[PDB]
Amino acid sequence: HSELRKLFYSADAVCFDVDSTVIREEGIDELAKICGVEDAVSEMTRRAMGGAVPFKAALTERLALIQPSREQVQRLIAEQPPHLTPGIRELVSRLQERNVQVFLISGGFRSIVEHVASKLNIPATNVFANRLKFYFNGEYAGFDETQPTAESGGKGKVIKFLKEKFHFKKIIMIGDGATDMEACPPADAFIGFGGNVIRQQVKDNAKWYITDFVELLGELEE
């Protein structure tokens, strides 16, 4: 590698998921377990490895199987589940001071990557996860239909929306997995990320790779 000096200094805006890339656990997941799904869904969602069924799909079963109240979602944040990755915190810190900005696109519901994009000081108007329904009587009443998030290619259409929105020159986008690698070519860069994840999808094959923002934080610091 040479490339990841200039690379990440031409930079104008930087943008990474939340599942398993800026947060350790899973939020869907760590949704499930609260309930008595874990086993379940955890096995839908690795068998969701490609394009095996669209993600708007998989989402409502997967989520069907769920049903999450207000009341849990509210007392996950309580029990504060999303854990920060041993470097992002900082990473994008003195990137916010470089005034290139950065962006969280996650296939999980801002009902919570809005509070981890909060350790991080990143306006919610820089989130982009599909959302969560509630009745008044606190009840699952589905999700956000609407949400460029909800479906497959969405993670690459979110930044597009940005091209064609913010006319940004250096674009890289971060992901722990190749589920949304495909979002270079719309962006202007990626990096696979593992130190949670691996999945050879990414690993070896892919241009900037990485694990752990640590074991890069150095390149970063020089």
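For clarity, a rigid core is taken as the largest C-alpha set superposing within 1.5 Å between two forms. Positions refer to the first chain, counted from 1. First, how it differs from the form deposited in another entry.
- Here the two forms are overlaid on the core, and between the two forms the C-alpha of 41 is the only one among 191, 159, 41, 31 to shift by 2 Å or more.
- After superposition on the rigid core, the Cα of residue 52 moves by 2 Å or more between the two forms.
Same protein, the form deposited in another entry this time rather than the form deposited in one PDB entry?
Lone chain follows.
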């Protein structure tokens, strides 16, 4: 491990996944759970197997029903269902402290992630997810469809944005699934993370895969 190594503090940027990595809960499956469409949606996932369906349709569909009112995502935020995965709040601090711009990247919703941000004392400007839309009524209107993460494989389209513009050079992506990982070729280094989720197909092909956000404290100190 010494290899890491402050491998990490040789970085100017460290982009984090929120769902399943920055936090134990997913961000979409929760919205549905608070909508009485809980097992209705969790039943929508088994067939993407095939994935036919691409990411935009996929989400435009599972979302095409939830029909998350503004209210409802408000009740969600109010209930604070999101629970951070245990050494993030402090890990993000030890980073931005040493003078590193922490970022958050999700296929989830800016409504939720933003709140997640404040609790990591992460800037608001440093967040990237789908922007949910509502009618005056507060009914589900869809969602921003130009946002980098509304299309398949747009997770990296952003990580190479953050560089195109602020010119970081040497940024890390902490993520749990192969979408987070596939972003490494566009981004400098990928640290897998299973928490909560082991997702074998990353724990097998990925270099540098931690079990928990604590494993990286002892080495971080020394």
